[PDB]
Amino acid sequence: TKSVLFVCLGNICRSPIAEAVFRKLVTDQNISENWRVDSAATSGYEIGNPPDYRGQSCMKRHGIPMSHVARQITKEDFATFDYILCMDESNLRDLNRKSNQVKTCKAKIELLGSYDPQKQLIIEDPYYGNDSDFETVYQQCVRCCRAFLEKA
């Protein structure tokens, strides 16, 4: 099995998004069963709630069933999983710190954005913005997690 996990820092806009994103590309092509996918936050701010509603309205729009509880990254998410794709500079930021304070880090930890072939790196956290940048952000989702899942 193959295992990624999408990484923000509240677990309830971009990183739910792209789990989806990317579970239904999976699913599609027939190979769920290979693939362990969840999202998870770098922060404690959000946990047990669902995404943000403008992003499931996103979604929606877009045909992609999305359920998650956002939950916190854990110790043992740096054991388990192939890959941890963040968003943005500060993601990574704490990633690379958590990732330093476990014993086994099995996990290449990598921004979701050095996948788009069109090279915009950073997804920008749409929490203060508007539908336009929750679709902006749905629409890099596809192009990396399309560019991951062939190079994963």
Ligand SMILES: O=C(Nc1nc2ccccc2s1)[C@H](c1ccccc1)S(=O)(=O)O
Contents of the next structure:
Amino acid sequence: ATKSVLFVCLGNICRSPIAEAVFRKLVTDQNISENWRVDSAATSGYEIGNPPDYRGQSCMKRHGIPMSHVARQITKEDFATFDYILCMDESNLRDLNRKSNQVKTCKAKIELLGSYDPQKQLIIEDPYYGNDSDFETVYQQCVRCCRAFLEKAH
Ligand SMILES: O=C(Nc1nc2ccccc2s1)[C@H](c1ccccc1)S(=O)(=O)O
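Could you give the coordinates for the form deposited with the named molecule bound, as opposed to the form solved without the named molecule above?
Let us now look at the entire complex, which starts with that chain.
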């Protein structure tokens, strides 16, 4: 409602829907989900319409955080409506900045989600060709960064 955040990755089937679900849980547990619009989107069109990769679901189920999303690509409107667009890596950041320069209204602050990590792990690497441990690392990064971002936005 008041505040809004859009998490962004390459496909919007793993890193960003995980961040979105982690963040939504955090605000729900703190009684303030009503004050937040939370969403996720992709820089690419590779996965439009698809659900989160089941490898990410396996990880999320272990941690007891339900995750549901239909992959969608970032749009021009997103720059106008979101307070924060938080992405995973330097390619995402570059692509988002490119798209932001094509619109009249950019309300969004566009940043690396990892810039909020107290442990300074700046990049949330694509685990597509990784193993279970890589998905777990992404999850842990999302938890740390989402907590810090909620605490105090840049
Ligand atoms: O979409 C993803 N990676 C992609 N890798 C390729 C490689 C070749 C062609 C298209 C793509 S999209 C990532 C991801 C997706 C699923 C599982 C883990 C990570 S995501 O960005 O975290 O969703």
